[PDB]
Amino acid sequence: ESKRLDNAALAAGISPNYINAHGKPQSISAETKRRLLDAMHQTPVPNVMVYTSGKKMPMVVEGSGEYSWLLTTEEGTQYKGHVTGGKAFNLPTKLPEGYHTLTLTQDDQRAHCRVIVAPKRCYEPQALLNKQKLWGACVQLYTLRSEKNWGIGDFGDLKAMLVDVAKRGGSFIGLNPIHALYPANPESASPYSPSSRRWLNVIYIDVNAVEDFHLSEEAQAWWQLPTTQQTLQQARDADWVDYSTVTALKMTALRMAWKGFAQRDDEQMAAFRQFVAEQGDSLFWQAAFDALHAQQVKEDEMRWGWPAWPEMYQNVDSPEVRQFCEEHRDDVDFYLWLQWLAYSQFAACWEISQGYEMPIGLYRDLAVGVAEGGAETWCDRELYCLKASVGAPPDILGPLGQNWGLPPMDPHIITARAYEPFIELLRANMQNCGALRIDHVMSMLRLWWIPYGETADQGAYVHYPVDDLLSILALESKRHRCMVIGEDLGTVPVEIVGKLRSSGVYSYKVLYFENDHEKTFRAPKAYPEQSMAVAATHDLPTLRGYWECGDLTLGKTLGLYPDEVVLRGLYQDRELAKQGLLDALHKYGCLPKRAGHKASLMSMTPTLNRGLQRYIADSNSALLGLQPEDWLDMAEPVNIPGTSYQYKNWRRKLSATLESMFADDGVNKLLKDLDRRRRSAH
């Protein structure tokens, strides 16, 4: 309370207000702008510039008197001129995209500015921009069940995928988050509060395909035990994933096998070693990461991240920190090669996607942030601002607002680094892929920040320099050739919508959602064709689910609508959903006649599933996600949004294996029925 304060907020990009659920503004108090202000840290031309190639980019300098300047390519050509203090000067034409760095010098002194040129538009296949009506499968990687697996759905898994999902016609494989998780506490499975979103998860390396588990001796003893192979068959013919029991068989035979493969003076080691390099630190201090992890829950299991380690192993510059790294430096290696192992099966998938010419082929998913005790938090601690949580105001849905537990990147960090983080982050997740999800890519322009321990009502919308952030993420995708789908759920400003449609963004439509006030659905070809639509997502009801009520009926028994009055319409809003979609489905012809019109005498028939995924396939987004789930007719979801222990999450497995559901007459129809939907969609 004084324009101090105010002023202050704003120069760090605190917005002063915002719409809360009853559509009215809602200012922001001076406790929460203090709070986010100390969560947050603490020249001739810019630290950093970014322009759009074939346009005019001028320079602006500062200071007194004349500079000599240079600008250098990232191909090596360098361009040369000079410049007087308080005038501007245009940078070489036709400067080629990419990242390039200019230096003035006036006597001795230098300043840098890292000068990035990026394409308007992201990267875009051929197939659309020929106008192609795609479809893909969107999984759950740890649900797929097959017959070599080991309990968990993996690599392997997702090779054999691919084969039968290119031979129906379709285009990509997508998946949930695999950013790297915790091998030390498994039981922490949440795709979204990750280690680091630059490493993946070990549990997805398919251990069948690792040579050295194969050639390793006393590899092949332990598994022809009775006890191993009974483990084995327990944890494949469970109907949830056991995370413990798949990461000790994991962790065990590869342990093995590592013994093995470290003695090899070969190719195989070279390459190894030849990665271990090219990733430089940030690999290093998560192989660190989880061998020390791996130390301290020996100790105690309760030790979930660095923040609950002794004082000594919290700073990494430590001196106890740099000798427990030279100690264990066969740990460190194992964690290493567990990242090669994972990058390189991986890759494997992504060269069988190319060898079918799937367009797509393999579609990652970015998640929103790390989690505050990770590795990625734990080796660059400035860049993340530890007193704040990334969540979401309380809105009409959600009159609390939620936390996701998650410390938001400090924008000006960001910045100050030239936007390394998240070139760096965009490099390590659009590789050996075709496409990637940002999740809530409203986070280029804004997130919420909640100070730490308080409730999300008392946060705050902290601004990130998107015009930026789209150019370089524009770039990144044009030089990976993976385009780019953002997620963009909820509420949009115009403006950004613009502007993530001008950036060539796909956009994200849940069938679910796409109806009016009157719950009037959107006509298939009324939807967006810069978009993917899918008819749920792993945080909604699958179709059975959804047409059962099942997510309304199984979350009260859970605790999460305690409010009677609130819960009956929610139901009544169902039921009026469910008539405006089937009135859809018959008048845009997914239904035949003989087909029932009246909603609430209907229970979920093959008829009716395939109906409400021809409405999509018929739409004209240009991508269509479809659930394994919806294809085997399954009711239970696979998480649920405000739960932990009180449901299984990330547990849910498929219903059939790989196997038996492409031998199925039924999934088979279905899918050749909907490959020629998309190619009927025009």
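The term rigid core refers to the maximal set of C-alpha atoms that superpose within 1.5 Å between the two forms. Residue numbers count along the first chain shown, from 1. What changes on going to the form deposited in another entry:
- Aligning the rigid core between the two forms and inspecting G559, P307, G589, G355, the C-alpha positions shift by 2 Å or more at one residue, which is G559.
- For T491, a C-alpha deviation of 2 angstroms or more is recorded between the two forms after rigid-core alignment.
- With the core held fixed, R568 shows a CA shift of 2 Å or greater between the two forms.
- Put the two forms on the same core and the Cα of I396 is off by 2 Å or more between the two forms.
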Given for the second form:
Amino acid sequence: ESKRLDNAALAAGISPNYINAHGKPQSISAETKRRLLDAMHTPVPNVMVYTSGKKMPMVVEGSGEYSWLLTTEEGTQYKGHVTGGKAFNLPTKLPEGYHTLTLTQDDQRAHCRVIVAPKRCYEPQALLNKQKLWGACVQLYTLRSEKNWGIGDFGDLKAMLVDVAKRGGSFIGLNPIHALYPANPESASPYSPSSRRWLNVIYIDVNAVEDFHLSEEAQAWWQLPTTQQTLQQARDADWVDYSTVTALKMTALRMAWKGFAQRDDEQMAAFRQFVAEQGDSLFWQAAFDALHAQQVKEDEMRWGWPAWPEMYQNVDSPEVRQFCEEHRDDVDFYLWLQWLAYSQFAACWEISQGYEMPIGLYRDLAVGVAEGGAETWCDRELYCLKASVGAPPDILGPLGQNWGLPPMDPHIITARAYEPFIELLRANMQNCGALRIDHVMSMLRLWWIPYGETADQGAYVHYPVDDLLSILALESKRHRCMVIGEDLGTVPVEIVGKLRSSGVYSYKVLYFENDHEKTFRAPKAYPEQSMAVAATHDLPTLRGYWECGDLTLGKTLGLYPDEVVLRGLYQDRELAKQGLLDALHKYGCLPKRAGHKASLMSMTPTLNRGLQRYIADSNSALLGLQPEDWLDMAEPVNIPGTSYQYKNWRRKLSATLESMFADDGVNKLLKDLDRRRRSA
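Switching from the form deposited in one PDB entry: structure of the form deposited in another entry?
Chain alone follows, minus partners and molecules.
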């Protein structure tokens, strides 16, 4: 349609086309362009980013002479003058950090935040020394143990760290532990969080809260047969019962809190210190959780702030303030839960480091927030609520995906001098050695879909990749937190080189590391700057893959409505399996007595081991192993593009930690894989 619309869309950073996952160009419709535009909101710029050790030109506009003052983060001052319409160079050898430049003419001043960044993200010494490391990538909620309350928690993480470290592992990788909704416990996707600044309180180990043990009331309640029976049903279930587990924990912790609240000691001081230091961000998280709890008491279907009375939808309204003043103790309780979660996760980090693990804990940062959570309640202007983030139609998801997450407006991120991005990294790089960036292509572009539409109606919107990658490297170095990018799906060629030279580690998924005729890449040909995995939480387990269970189940759940396309996927899987089997034999991961014809073979321990040896033998500096594959599990934990159709984020591991680490087979497998890492 019109050129007005086309130019406008282009000026807004909306791509008029893109290369799809099959390599074919696709065009964006005028309707999409219109709907997405509707969704979006002087002498020097407000922010400038530079790489350290390079020249730093600053262009000045206007006219006449300007005086300038640059104050570094540590407080060093530099002065000069420059003519409007000219450029000047910043003082040489500025240190990396966050600096302030101010230009003045007559009375009025203009400020530029000046960011000086290293080129590469952080790497631990072990990796710099060219060691090949391994770790366990787990979904925390899936872990079973003798002590947990029916969901894997921070106590399980702590116990597991020791078992991984004793066997030569260097890290435990986690799903996102962002705050979800204790008032709607069944909204359990870690990737639709309330806020990416705070933590999921369901992971609190209540056994480790002293005040739980000191409460007479709590212990009388814990001792009830009813309580013990509810607990045993929750623990025995093969699927996490989020409602029961949350009620158990909230009930217990509320009684613990009544005890803690009367303390006048170091513990109380530490909690208050913590609260004072974290400031408004923490306060508003707690206020959100207290309000949400009250609202679901009035009506359980009140899922987030858009379903609340208008008076509570505006975070700044006088009755929100009144609610907070009248429910000071409820707000206090939710502050306390963030303190406990924080403290317990910190204890896990400390233990990982006591065990000399080069990475220790590997956190995950989700690519967005839920529309009706605390983050959007607090800073509505930042998010484009009339669009949703997803992914375009692709090979294994031909309908595409709509994740329902309102995207950050890229112009507001830069207009705030990257503050929201910076704070996100500071929150998520604490108490860990590596951070996974979910859907790392987001640094360059996100698939925005008009609200309420199917994914095929979306388009790619531009983000300022060069600035974001520099800032990421800077924050990585300052936290000594390495960065691993999930660069999977429909990936723009432009970003691949930039991620590499920024020192971001790629994911190499065994299933996909083959060419156009299913010849699999040799283990020695895996790039060093990557993590090799057999699979992820978004993909079938080894057994599921082999059995084509993902395709069969996907079909049943509505993911593959085109039979011809589906038939193609089955055919390609059988070809892939054969190519994989050939490679396992070719590079010495299977004995000669193992079968050579994939169609006549089922998943066996020999094959299971062979597949994991193949990636253990690779040149990838990191290896991520799933416990589900040590246990030979068939069922997936998550099916992308489903919400209600499958019990996502619920499938428990089939054995406790205690039982898995006493199993001869598991112990032999991990010893073998660890020896292959140290030989490669």
